[PDB]
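Student: Residues per chain, in single letters:
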Amino acid sequence: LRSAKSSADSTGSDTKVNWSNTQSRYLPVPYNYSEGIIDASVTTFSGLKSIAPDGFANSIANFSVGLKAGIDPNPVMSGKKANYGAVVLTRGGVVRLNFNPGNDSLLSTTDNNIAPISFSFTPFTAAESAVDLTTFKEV
Amino acid sequence: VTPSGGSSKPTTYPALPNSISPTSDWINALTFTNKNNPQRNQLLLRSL
Amino acid sequence: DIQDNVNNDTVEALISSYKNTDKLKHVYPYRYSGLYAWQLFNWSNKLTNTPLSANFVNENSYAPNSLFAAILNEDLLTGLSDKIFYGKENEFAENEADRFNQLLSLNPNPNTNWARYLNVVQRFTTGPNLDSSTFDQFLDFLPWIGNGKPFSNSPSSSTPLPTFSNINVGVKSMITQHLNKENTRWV
Amino acid sequence: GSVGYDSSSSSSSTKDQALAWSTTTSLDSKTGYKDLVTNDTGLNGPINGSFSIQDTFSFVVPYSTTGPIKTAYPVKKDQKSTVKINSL
Numbered sequence: 552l553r554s555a556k557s558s559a560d561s562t563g564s565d566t567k568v569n570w571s572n573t574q575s576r577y578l579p580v581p582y583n584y585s586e587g588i589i590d591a603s604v605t606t607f608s609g610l611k612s613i614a615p616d617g618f619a620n621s622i623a624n625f626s627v628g629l630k631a632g633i634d635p636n637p638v639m640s641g642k643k644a645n646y647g648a649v650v651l652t653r654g655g656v657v658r659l660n661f662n663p664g665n666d667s668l669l670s671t672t673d674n675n676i677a678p679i680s681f682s683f684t685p686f687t688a689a690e691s692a693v694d695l696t697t698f699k700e701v
Numbered sequence: 868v869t870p871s872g873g874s875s876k877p878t879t880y881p882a883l884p885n886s887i888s889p890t891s892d893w894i895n896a897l898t899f900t901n902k903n904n905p906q907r908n909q910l911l912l913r914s915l
Numbered sequence: 627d628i629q630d631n632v633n634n635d636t637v638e639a640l641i642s643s644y645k646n647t648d649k650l651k652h653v654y655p656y657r658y659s660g661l662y663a664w665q666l667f668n669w670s671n672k673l674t675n676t677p678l679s680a681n682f683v684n685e686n687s688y689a690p691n692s693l694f695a696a697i698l699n700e701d702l703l704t705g706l707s708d709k710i711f712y713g714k715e716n717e718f719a720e721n722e723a724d725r726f727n728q729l730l731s732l733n734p735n736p737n738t739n740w741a742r743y744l745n746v747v748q749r750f751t752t753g754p755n756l757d758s759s760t761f762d763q764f765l766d767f768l769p770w771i772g773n774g775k776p777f778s779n780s781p782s789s790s791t792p793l794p795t796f797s798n799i800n801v802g803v804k805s806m807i808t809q810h811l812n813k814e815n816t817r818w819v
Numbered sequence: 403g404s405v406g407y408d409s410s411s412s417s418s419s420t421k422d423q424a425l426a427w428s429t430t431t432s433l434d435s436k437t438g439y440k441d442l443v444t445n446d447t448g449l450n451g452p453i454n455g456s457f458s459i460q461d462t463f464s465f466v467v468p469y470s478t479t480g481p482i483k484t485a486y487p488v489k490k491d492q493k494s495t496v497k498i499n500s501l
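Chains as they are written, first to last, in PDB author numbering: chain A, 552 to 591, 603 to 701; chain B, 868 to 915; chain C, 627 to 782, 789 to 819; chain D, 403 to 412, 417 to 470, 478 to 501.
Be aware that one or more of the hints could be misleading.
What the hints assert, rightly or not - Covered by chain A, according to a simulated footprint, are these stretches of chain C (three or more residues, beta-carbon under 8 Å): (1) 672 to 680; (2) 720 to 731; (3) 738 to 745; (4) 790 to 804.
What the hints assert, rightly or not - Short, incomplete list of chain B residues facing chain C, as computed with Cβ under 8 Å: (5) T879; (6) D892; (7) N895; (8) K902; (9) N903; (10) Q909.
These are computed hints drawn from the structure, not numbers from a lab. Just so it is clear, CB atoms sit at the ideal spot from N, CA and C, and this is done for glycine as well.
The task is simple: from the sequences and hints, build the whole structure.
Tutor: Here's what the structure looks like:
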């Protein structure tokens with residue numbers, strides 16, 4: 552945040568900031584928020611059929627809202643620091659961000675086969691899918 | 868078929884798998900493999 | 627063997643033109659073909675990664691044909707209401723114009739509660755924790771109770793062959809000449 | 403989404423066109439996440455569309478042999494000096 556303030560105050564030329572505790576992830580909108588896709603006149607965007615339950619006409623552009631963090635109240639082994647995560651809603655599911663309180667890093671694991679363990683996606687059922695995400699007020 | 872440029876070729880396979888029998892277990896060819904996960908579970912129960 | 631080749635020039639005559647509409651659909655001039663696994667992969671009521679997804683169902687079994695064990699939500703089995711209420715979201719189409727543009731899924735109506743009951747199972751199991759042809763190897767390993775002999779036949789020229797697995801049946805050869813003739817050397 | 407677009411004026419073939427392509431990992435990609443997201447498929451230009459190998463349709467390149482597959486940014490070498498690619 553100190554570099555960022557430095558980028559923003561930079562005389563003359565563009566100063567740059569590295570944020571090295573970040574990740575990215577391919578997170579599509581769920582295919583079951585659409586109908587009648589051909590396989591086994604290929605279906606394209608101008609003809610794709612939406613059945614989107616979550617308050618959007620479109621069933622192709624992902625959305626996300628209300629990122630919020632929180633300290634686990636569940637005790638951790640002594641000489642280790644309290645756990646914390648965050649969650650955020652996206653079309654069709656909740657995402658869990660996971661942290662290592664030790665050095666305030668994204669959770670990683672040794673293997674590069676398993677996918678960055680900082681992120682987990684749990685899909686909504688019919689009942690959560692039915693909520694209009696454009697009406698989010700507060701978390 | 869007759870696409871632009873007038874080149875044409877017969878609409879059939881270049882080469883095919885070596886067996887069609889119900890014991891078949893082909894990794895590359897879903898259209899020629901006969902084993903399936905339902906049948907594996909059905910055979911597990913009925914062979915017990 | 628005699629399936630129509632889509633090649634890439636072929637598709638424009640057989641599929642790459644026939645667009646559907648809110649009252650028009652097509653049957654293609656294409657020779658589709660495939661064996662038992664391709665039939666089930668397309669038209670069985672298979673499980674998937676999200677609930678209520680399976681648009682194809684065939685018919686229901688005569689007798690039990692699977693093992694089954696499961697972990698239940700004992701809390702949700704206690705919390706669910708006595709009376710289930712379905713609604714028009716679970717009715718078949720009243721006439722065929724509503725069948726042609728038939729909705730695959732719907733939200734529960736304000737008076738209905740059927741969607742609460744879907745989640746009483748946490749986990750389930752069906753057999754050994756094994757993947758692919760390895761599972762046919764377990765099927766060959768267990769003894770037949772009528773004689774105490776394993777279907778693998780290996781514990782005793790002209791020796792007999794196993795029934796479930798393909799290992800040591802016929803002869804070995806390289807798959808390098810099959811279908812696409814690619815990737816086989818490394819993947 | 404942010405991509406270049408040809409804001410050229412005059417015979418520029420991509421005139422008034424956004425310059426965008428699928429970057430989706432090929433079929434032959436050695437599996438496991440690291441491999442999937444570091445696959446060279448679509449890295450510098452278009453590679454994805456429609457493919458009918460044997461009789462098994464796919465939109466994604468089946469593989470990613479004279480040497481290895483090259484992708485390039487769709488601005489023709491001739492117009493490389495005179496072209497106007499702006500950001501949207």
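Student: Confirm or reject each hint.
Tutor: Here is what the structure says about each hint:
1. 672 to 680: That given contact holds, which follows from 5 residues of the segment 672 to 680 of chain C lying within Cβ reach (below 8 Å) of chain A.
2. 720 to 731: Satisfied; 3 residues make the cut.
3. 738 to 745: With 4 residues closer than 8 Å to chain A, the segment 738 to 745 of chain C meets the three-residue bar; holds.
4. 790 to 804: Our answer is that it is violated, as 0 residues pass the Cβ test (under 8 Å) against chain A, missing three.
5. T879: Interface hint status for B:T879: holds (5 Å vs cutoff 8 Å).
6. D892: OK, holds: B:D892 within 8 Å of chain C, min 5 Å.
7. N895: Where the cut-off is 8 Å and the nearest Cβ of chain C is about 5 Å from B:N895, the hint holds.
8. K902: Since chain C brings a Cβ to about 7 Å from B:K902, closer than 8 Å, the hint holds.
9. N903: holds (5 Å)
10. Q909: Constraint on B:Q909 satisfied, holds at 5 Å.
Violation of the numbered hints given earlier is confined to hint 4; every other hint is satisfied by the structure.
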